[PDB]
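Starting off, we have a lone chain in the form deposited in one PDB entry, written out as structure tokens.
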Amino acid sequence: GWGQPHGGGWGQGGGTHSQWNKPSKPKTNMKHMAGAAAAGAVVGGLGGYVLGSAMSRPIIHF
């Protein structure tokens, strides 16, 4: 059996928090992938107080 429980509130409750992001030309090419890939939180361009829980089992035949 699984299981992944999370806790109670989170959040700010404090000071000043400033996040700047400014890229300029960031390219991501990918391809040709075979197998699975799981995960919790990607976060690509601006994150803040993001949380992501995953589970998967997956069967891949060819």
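Numbering follows the first chain given and starts at 1. The term rigid core refers to the most C-alpha atoms you can superpose between the two forms while keeping them within 1.5 Å. Compared with the form deposited in another entry:
- Just one residue from the list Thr16, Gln12, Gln19, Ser53 crosses the 2 Å line for C-alpha shift between these two forms on a rigid core fit, and it is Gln12.
Switching conditions: you have the form deposited in one PDB entry, so give me the form deposited in another entry.
What comes next is one chain alone, with no partners or other molecules.
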């Protein structure tokens, strides 16, 4: 089967939304990876009213 019927309206009723991003020196390192991954929505910096999705069925031979 499988399925994700995400549904309905969404949002702010009214009023205000204030988003600030002020990081100084973030660091990300990686070394030696050989797997698989997925994510519909990834937030690095900032945002909203962001809709993502993912659907993945990879085959890896190694």
